[PDB]
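Let's start with one chain on its own, the form deposited without this ligand, as structure tokens.
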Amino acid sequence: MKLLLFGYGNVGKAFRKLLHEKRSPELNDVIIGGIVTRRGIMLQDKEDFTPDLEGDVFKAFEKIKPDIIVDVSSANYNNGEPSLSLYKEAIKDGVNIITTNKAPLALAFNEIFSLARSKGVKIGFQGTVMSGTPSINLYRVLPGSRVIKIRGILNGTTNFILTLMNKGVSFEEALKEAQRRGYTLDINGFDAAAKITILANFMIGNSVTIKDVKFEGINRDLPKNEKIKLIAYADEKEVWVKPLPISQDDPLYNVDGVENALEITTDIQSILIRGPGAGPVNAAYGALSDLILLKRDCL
């Protein structure tokens, strides 16, 4: 089974490493046939990217004819391209998709998944929400139950800053430190909004796009002497993201640092899952998990 890996920053490199650690006999037959970035097309599997050809993901797709596309490229929220048209072409050609790239899903969920459903093509997208902590994939093992609402912390950067602020640290100092660690556009709540959009689509069955979500982020001026979290919320009627003061009896109170959490409420039960929501290995692991599930015929 031949993969085309689209994107190769830290997540793409971590994925490649996971793949070479031979973690499941389900992946024995899996190779990376090509890697494409801004800088061109490498038609080999190497730790370091050196282009072999000039050209874009469409040229690479035609040349390689992969069985699976793994998209770990940067989210383009303006219009989702080129990943959006890439997924459509992959689906048309019977090529399964594994992705950590939120934009196409947050902009065009119903169109993409309807098209995939019709063609029997599979999409793994665990990596788009809460990295390697089952979220999408948790819902896969909650069959025959209707999700009524979801509430969570879905962004590592802002959780990390809000956690430090609660320890007496300044916004500015906290922001600095988040960046130093590998975490305007970073704190305005948008990332969480895209994530709740995807969850709302998948779990609630509410066909919404990032345009339907009321969100706002964090800043220097938030209330002092209160533990604040950036809460993402969706039910059958509304989808929003906003910073709220949280009380000690709230399950989300001690979800700190880059930890993320999702409270899923169904007809049968309310559950909560929590785990890291940032870190390239974690993101790469969400994609690896999808790849193994795909090989098991379980997406």
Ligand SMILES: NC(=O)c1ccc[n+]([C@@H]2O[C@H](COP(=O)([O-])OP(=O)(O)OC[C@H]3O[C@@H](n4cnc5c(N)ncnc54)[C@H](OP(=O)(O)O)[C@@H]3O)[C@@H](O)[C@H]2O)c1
Given for the second form:
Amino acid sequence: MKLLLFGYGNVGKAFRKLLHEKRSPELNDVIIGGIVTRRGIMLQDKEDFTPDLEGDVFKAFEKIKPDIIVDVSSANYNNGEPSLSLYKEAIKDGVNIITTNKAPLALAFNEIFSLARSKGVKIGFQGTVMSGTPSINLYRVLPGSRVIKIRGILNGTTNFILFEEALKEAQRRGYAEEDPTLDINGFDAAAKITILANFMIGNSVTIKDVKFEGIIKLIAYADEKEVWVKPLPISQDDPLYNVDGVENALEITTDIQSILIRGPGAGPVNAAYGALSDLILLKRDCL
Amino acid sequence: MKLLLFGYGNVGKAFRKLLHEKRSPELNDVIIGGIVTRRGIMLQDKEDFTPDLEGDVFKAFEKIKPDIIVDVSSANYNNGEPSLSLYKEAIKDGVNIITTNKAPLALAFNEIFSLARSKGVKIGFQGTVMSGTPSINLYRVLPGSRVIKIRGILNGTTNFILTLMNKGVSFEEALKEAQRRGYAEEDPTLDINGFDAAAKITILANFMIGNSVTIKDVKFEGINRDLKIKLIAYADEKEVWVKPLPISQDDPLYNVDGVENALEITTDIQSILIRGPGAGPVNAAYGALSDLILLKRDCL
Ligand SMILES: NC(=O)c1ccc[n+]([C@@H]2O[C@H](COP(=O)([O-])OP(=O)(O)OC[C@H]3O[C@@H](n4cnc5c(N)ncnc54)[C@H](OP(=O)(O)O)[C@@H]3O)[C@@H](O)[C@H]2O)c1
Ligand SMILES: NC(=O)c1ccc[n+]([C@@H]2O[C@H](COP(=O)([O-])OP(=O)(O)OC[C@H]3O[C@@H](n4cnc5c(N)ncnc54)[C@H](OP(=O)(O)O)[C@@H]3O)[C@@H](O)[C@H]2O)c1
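Could I see the form solved in complex with this ligand next, after the form deposited without this ligand?
After this comes the whole thing, all chains and molecules, with the earlier chain placed first.
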């Protein structure tokens, strides 16, 4: 099976490295047919990017005919393109999608997932929320339960900050978005809670419906009625108390119980492992 | 598909109820063919147990010919029986197993899982560790990652007793409350003396680290009134233990209080912690139900 790798920054390079470490027997048949950046299309799996052709992700898609697209490109919160149009075309063609790019999902979740479900196409999106720490995929192992509310710390960069020296270290460590105002001004946290509300609660929201601010903890919240992101004081008994540094946490409340998962919120290798986890699950037919 | 339900105490009853809530489309073809207690065999799905036949779990297996056994019976750490021999017969007959009963897996994990792998039979065992809080099933969504070490509070009953004693309640009243809530093992010495926690860390070491250990390999102690102290379980590639330890304020496990449990899993990629209710009949039954749905999805 052939992957098209869309993006080759820190996450894309880390993903290619993880694939080549041969971490699961069911990835033995998986090859990268092509890699696309802003600089063009490489129709080969190489450690170093050198373009073979000029052209965008649609040209690469037509040239390669991939079985799966792995989207690790920059978030475009303006309109989610070209990923939004690309996912739609891939789903129509029966091409599975694995993504760490929040933007098309933060803007158009219902449109994308409705189309996928109607076509029997699978979407892996673990890396969009808390990188490699099961979040999306945690919910996959909570079947037959109704999610009532969601609460968490969903942005790694800003939690690591909690100024100029802090950010600089975070950018050095690769935690930050290419546009780091997306981290600071809360877009990233709001995108993640949007994705979580859609998937787990079923509350069809876009990032436009979320009330949010920026950088006590930056708390993202969703229930059946509302979705928001705001700073709040935290109790000592509250399980979010000492989720500090790059750490992120997701508290899922159901009809049965409340559970919390905590882990590294950001980090290119962690994000890439999220996408890799989705790939293994796809291969097992468990997405 | 037909289930044989082995046991009908708090967990079994809660499981039956959850199945009847029809919580997933995967479960539409799933029926209980029989329920076994130490009072005999009920060849019917009913809220209250009344035996139709006298006989043990083996006789029930023969009479029902189930597609799946759900083991919610009492732990037997002396020898894991009759569950251990039952699992071996089931696997050989192509019968899948879902269990919340730790004993056979704490004694003979490699034997059971080797036999199962060879026959292509699936084993759900989420409920053996932290009830309905993904633990076993959390590791299922961490594929292609090597587990280096694990540390946690793995017994709800003793955590609940430690917390209440910190709140100035006697050990004796804290235990009675744990029992009233249905947190405790039928034999509460299994919780108190650390057997239950040791069983769980054994299972995790086997499943996640891949070392073929048994409960006899674990150095463990439990709790008493004489001792924040937390009953800490730990495993890595070289050692497995359970002991009550003083816990500092900055430790992620400091505020894991009451019946809450928590597991920190360190992989080659990352360190993660999951926390939630350690015990509770409905929580345990939900663990088993989660395994059932995953089994139907072919994702065990
Ligand atoms: N950083 C983290 O820790 C983390 C954790 C979870 C999720 N994520 C998500 O993962 C994604 C990638 O993160 P990253 O840190 O790897 O960013 P990055 O290092 O800037 O990589 C972005 C890659 O996408 C390519 N790209 C961007 N826009 C494109 C376009 N219009 N056409 C073709 N290629 C394009 C870039 O090409 P050039 O090489 O030519 O610039 C670059 O190779 C982001 O969406 C982010 O939100 C990141
Ligand atoms: N307590 C929790 O919240 C929790 C959480 C996770 C896992 N678990 C595990 O789940 C299991 C069941 O828990 P529970 O609270 O439901 O215990 P329980 O209330 O004591 O129920 C045990 C059931 O098994 C039956 N049984 C025991 N030995 C048997 C034998 N040799 N043959 C036939 N039937 C037998 C009992 O029959 P009678 O009714 O006739 O006595 C009873 O119906 C235990 O292994 C426990 O470790 C419990």
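Residue numbers count along the first chain shown, from 1. Take the two forms, superpose them, and find the largest set of C-alpha atoms that agree within 1.5 Å; that set is the rigid core.
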With the two forms aligned on their rigid core, point out which item of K176, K119, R140, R146 shifts its C-alpha by 2 Å or more between these two forms. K176
Upon rigid core superposition, what is the positional shift of the Cα of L18 between these two forms, expressed in Å to one decimal? 0.1
By how many angstrom is the Cα of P245 displaced between these two forms when the rigid core is overlaid? 1.8
